[PDB]
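Below are the chains, spelled out letter by letter.
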Amino acid sequence: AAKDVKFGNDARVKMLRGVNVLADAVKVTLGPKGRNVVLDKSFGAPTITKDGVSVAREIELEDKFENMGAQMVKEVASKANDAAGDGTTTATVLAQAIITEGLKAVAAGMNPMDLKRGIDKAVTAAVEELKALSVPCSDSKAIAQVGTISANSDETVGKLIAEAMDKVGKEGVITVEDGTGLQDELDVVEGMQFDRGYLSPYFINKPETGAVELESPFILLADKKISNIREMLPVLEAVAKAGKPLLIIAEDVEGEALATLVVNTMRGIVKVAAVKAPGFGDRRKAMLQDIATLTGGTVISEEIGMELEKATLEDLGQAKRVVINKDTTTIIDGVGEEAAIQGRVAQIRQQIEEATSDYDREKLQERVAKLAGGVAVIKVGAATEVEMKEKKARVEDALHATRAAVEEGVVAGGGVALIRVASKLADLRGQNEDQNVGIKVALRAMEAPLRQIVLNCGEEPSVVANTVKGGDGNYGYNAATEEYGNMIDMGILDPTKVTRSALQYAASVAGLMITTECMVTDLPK
Amino acid sequence: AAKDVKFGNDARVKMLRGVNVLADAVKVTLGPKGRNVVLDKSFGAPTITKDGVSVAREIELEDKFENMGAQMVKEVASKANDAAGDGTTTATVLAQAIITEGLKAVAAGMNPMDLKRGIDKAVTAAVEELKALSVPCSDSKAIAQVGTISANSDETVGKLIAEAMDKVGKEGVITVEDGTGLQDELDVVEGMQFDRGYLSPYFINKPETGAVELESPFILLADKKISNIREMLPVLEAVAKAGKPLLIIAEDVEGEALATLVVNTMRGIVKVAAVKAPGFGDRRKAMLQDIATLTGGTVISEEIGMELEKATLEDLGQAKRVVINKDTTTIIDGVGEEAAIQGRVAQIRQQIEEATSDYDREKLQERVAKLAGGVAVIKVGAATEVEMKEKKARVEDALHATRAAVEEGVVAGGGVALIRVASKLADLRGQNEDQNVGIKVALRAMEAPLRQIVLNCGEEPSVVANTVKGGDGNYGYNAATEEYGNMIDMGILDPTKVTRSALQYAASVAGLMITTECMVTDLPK
Amino acid sequence: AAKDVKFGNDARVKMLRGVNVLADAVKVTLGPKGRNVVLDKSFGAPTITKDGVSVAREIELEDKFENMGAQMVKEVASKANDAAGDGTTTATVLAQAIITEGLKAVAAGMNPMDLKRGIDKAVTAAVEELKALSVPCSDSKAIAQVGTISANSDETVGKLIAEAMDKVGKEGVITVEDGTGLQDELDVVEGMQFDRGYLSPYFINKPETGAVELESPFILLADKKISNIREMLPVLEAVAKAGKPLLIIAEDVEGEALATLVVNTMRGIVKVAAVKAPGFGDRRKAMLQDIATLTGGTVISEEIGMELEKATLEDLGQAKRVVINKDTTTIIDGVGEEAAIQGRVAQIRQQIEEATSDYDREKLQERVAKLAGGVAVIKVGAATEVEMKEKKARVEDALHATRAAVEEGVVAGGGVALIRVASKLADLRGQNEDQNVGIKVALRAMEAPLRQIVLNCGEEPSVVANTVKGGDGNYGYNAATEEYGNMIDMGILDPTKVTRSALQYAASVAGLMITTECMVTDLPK
Ligand SMILES: Nc1ncnc2c1ncn2[C@@H]1O[C@H](COP(=O)(O)OP(=O)(O)O)[C@@H](O)[C@H]1O
Ligand SMILES: Nc1ncnc2c1ncn2[C@@H]1O[C@H](COP(=O)(O)OP(=O)(O)O)[C@@H](O)[C@H]1O
Ligand SMILES: Nc1ncnc2c1ncn2[C@@H]1O[C@H](COP(=O)(O)OP(=O)(O)O)[C@@H](O)[C@H]1O
Ligand SMILES: [K+]
Ligand SMILES: [K+]
Ligand SMILES: [K+]
Ligand SMILES: [Mg+2]
Ligand SMILES: [Mg+2]
Ligand SMILES: [Mg+2]
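Protein chains in written order, with the UniProt record's numbering: chain H, 2 to 526; chain A, 2 to 526; chain Z, 2 to 526.
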């Protein structure tokens, strides 16, 4: 259709309008005392919320240019959260401020690339300063403590995290599940976690966690591309009985087979999940055979001349639970017999011993760790169902943030480590006087998280940031209690990965936003 | 229906509005440091691009005549890229400059024909100057260097290309495929490349490459016109089993059979591709018999009285891989047995010895080249899949640019070769005061590529081109590094074919652009 | 429904508006250097053309009456082209000019019949002078020269055409077909050409030629009216096998059978062509029997009482090729055996010897000439198929123009012959001052073809016509090469039939609407 074409600043003004609408509706919730937003529903009582994510998801703009600006900020804030694990509203504040400063520098008629260079060098130096302020969180004590902070001072969650850390390793596979009574059960079973997510988005059945969860599902151990549903009618019909789900793990499942499987899923005939087989080429068949060994199934490949029409449930591997994430399929307690798994582990271990290549050594180490270390199974015990589910979700959140704490340490939260970075980087100067202003674009806009936190708390952002500036290291301000101090002591920590990803993605979107010289959109007809 | 009939410069101005919208949205991305253009998507995250082609694709104008000008200029820029292999945004800039100058010359009330003559003679002399400055790139070292430069300083791609042309000749068939692990495998198999593409656009299944690729496909060696589906149904039914594709290599497939095949394709019943038999008349059946020999098939001709109703899989030829381009079907590793290949090669070599006509002699040489020279197969190996695919794409791009470099040599890139040409053609005069203007219309577009490149780089284009002029030969200005020097020294090269085709098609669109005295289009109701 | 009734000059102004729009869009392309017309397309790059016919075709006007004027002026231009063989733009210019001044004179109030009389007498004297100026092209030398000139300096085409007239006679049936290699093959086979075209437009399978072409077709030799499909189903079922088309050469086919056959054609079940039997009454039966003997078929007539239900392929006649034009069906190499053809020729020859009526004997000579002279087959040989097709098209064009030259001689081309005629007819006086103005209206438009040719060539029409007038006989001006001289020397020839038909049809349409005093159209709701 006919396109509405814009160039440079006419794009930038409306994109920044989208930026500012999104961030203004979002940031009113930043911090422990965020303000209320009443997001309408088509019927009945609406929802009053104090979270930036919730308001952000309900922000849409009828104008396409403002919509593009809002979306490009929203997706990059999501990127910051994803590489971060937290700080979506913090990342939104960072993004809006840095983007606004960069664009307003641009609209003066001044070089976009020099602003991008200055902001980039500022954010690199800020990452360096945050890393210097980063105190590592690697031992089990700091793991549990950060698990409490991320779980809102919930100590039992930190204990479960550390116990899984000790059982399957901190890099090991950890899953938290439903319990039976009031007892929290953590145990290690023969499992795996290979980086292969759902092939089609319609296979997800649990919106609460956003992962594919199946109870006693058969897994399709097919080492070939799936091209005809006719290969699946016997298998699908066999799975249809007894009310048990099916997992598809294969080289690839083509379009019509995916469509038929998805149709069978919403229509309630057969519940089936499809993910790609881990690895590719030579490694894919080996890892699929490892999956078969851990799950007690048979790999179906055209190399052995095995056809999917002549595929029964025995060839399909079986597990107690299989968890499929966005890009990860975790098979928990595969019914593959223990001695079979251990014999496969030993065989690939002699493969390690015969591995004369460093890449072969590393891939075989990964394979043995995944096949033998198993998965950490956490069961949530509670009196009723709701508290069980909510504490499971809290365990998930604390695990996610503690993983970032392990990866990169923690810094004093509440934006005060960012105030440290602003205080420490007052000396940064760029290759151009245009680059210099780009540096202070990232610097002042990085004390903005604390400032919006305190503003939402109803207190004064400026005196808080200034008093933190008077302090040093991890000295800061407790916004919930409206009291200053070092928030290592008063338990306000943001993992260094969180803030680093937030600032880096704010810089990335700002730099992409600076050098935007043309715009195209559809006509609003 | 009712038509919008216009004339002359009233057409030309809407033409030029289309030209200028296209070029303004496109050229902001020209050069190594192109600026960001954010292309709207109807949903979610928009697309931020720094490539002129991507922006040109999303340029549409609601008015009929502006979209008319934009479409013909976009098409001619595509022409320049196709006869060029690169410089799509460069060709767009050149076309915009020459088109605008010629149209503004016409609207003054002065003859289109003499502008055509002057522009044509200027562009001929400019091609002459570019050829004179062109340094041949035909030895292996310059081939590798140019493939490296076009592959963005990637030597291994150029080395694979050089090995492929060492194995099958530089005129031989070079193909790149997926590998198993991380190794680059180069080998030669029994295959051919005949200039016959897909019969219908809906047979393409890989939008990334825009070619029809099938794994172990059966080919329909029918030396007859295809008119009734009743001849085709048994073949399609036989192909339906085992999930293998089908290729149709015949004289012609009529509308209804092709439509039925296309229906089968999107319905997913049978994946079938149809291509025309190479050659025509007497040579077509001989080349089809060669295809059968290399694919181990049987030619089905009405001359021998063979019908497609009685056509089984045995009569169909088989190859490991068959690649169908836009106008080229390349058979790779046809199962036609090697001794059969050598026997057919010996027979056609005897025909070479018995060839008494130069046309028949050259047809026999091209047939022996296709049959026995084989195809060069380059496998791209990588640790993962995404980098595997991007390395394959970079190999394709370096192949495309290196082929042009071999064909016509290379010139100092960055737009400085055209600056050389413009400086050397300051002496050119036309046969008229008007024809002098036509020359200056063509000549002044020469610095425009460099100038847009440097402007997009955020730097000044003017004394850049001026210092290029002060320099000699290949001296110029490095745009990405913001430095001066020599392209042959600092490695910014553009094939002579690229720039020659860009300039020639800019001239051609200018000539058609100038001399148009009437319009027809539908009413905008 | 309600009608919009209009009278006289208010009709003539809408006439002339359509006339002038059509011709102004058409004539910008007249001559060897016609200007471009970018016919804006619905999608993609628009169509750029330098032909008056092409611009004429897409000239449609939203108002009923302006489109009306465009419609009959386009009609008359096509009429002059068809009765001419060339000069669609010349006819358009002449029609527009004579219509314009005739309609203006009528709107001035001067008599319609006297304007018509003066214009008619001017144009008949113009035809007289053009005939006097026409130099005949009857010799094989002039035939070859005219074929070369009309084929744009191609002597090989002229030689092939001359050989065709030398082998089958210039009144014989000449058809050009596809070649096998590079050899131009001329041969004679057994066929007739009878002035009977396809019954329905939907049977045409070659839009490029606008004639129904069938390869080895069965022909239905039914000497009866076809009203019920129930007689036609068995014939269609028999023809459907082996993928061969059917020709219906019958007395009459009513609506139901024809519609069923047409539906069968677009549905792609059976390709069917229907042609009326040549002649009427008694002669139709004899000519159908001649066709049967030519194709080895059997006449199916109700007089013998044989029906189409029991009509098999044996009763159907067979020919190697049957060409069905708009009002002509040419059967080429009918499989009717040569001795049968010669026996029928001898029988019709003795009928000639027994003929006692001049009309009867003339029909007898027509029958013997068509049956025994056969059809001439010319094969176009070329290295590639596309150049083969364009050479075949140029052969057809040179054939038509040479036939026109043989029919009415040749005149000095470039539009100088009408200049000669206008110079010679300056003395022509009418029966009235109105008829003198009627004479002057046709006289002045004579130089308009040359003037438009030279204008589009970018040169000076006035000085060209002046130097033509200063010269004598065939002295003129080369518009493409920008040179004066004798047109016979520079090989610029137009058939006298072309210009005569153009001017005569221009006068016809002008005088027709000159005498128009009422007009009705439908309301534009
Ligand atoms: N009591 C507190 N004092 C100071 N800062 C706090 C306090 N509680 C939370 N914060 C800070 O506020 C931020 C939380 O903001 P929030 O509204 O949760 O946005 P998001 O959901 O995107 O993280 C964290 O980065 C944290 O450092
Ligand atoms: N470092 C550099 N210095 C000077 N010129 C460069 C440099 N890098 C690329 N170029 C020039 O920029 C052009 C690339 O422009 P590009 O954006 O790719 O347009 P297109 O896609 O139409 O080729 C090339 O012709 C090359 O000569
Ligand atoms: N070199 C030339 N010099 C003068 N007249 C020419 C030359 N070439 C072609 N012509 C004239 O131009 C006319 C061609 O017009 P054309 O565009 O074919 O109109 P149409 O399609 O209606 O015949 C011919 O009648 C011929 O007399
Ligand atoms: K909050
Ligand atoms: K670029
Ligand atoms: K023309
Ligand atoms: Mg948070
Ligand atoms: Mg390029
Ligand atoms: Mg003509």
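Mixed in with the good hints there might be a few duds.
[Stated by the list, open to error] Here are the simulated distance ranges between beta carbons:
id	chain 1	residue 1	chain 2	residue 2	range
1	A	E483	H	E303	27 to 35 Å
2	A	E310	H	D253	52 to 60 Å
3	H	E186	A	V264	55 to 63 Å
4	H	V264	A	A243	53 to 61 Å
5	H	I353	A	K160	30 to 38 Å
6	A	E216	H	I353	54 to 62 Å
7	A	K160	H	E339	16 to 24 Å
8	H	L314	A	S55	44 to 52 Å
9	A	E156	H	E303	33 to 41 Å
10	H	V264	A	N153	38 to 46 Å
11	A	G256	H	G110	56 to 64 Å
12	H	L314	A	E216	24 to 32 Å
13	A	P208	Z	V264	35 to 43 Å
No wet-lab data here; the hints were simulated from the structure.
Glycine included, each C-beta is placed from N, C-alpha and C at the ideal position.
So, going through the hints one by one against the coordinates:
Between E483 of chain A and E303 of chain H the beta carbons are some 55 Å apart, a value that contradicts the proposed interval 27 to 35 Å. About 35 Å separates the C-beta atoms of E310 of chain A and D253 of chain H, a value inconsistent with the hinted range of 52 to 60 Å. Our hint of 55 to 63 Å for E186 of chain H and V264 of chain A holds, since their Cβ atoms are close to 56 Å apart. At roughly 25 Å, the beta carbons of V264 of chain H and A243 of chain A sit outside the given window of 53 to 61 Å.
Take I353 of chain H and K160 of chain A: their Cβ atoms lie about 33 Å apart, and the range 30 to 38 Å holds. About 34 Å separates the C-beta atoms of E216 of chain A and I353 of chain H, a value inconsistent with the hinted range of 54 to 62 Å. A beta carbon spacing of about 50 Å between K160 of chain A and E339 of chain H contradicts the range 16 to 24 Å that was offered as a hint. As the Cβ distance of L314 of chain H to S55 of chain A is approximately 49 Å, the hint placing it in 44 to 52 Å holds.
Judged by the Cβ atoms, the range 33 to 41 Å given for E156 of chain A and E303 of chain H holds: they are separated by roughly 37 Å. Between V264 of chain H and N153 of chain A, the C-beta spacing of about 45 Å keeps the proposed range 38 to 46 Å intact. In this structure the hint that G256 of chain A and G110 of chain H lie 56 to 64 Å apart at CB holds, the actual value being about 59 Å. At about 29 Å, the CB distance of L314 of chain H to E216 of chain A agrees with the hint of 24 to 32 Å.
Between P208 of chain A and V264 of chain Z the beta carbon distance is about 38 Å. The supplied range of 35 to 43 Å therefore holds.
Checked against the numbered hints given earlier, this structure breaks hints 1, 2, 4, 6 and 7; the rest are met.
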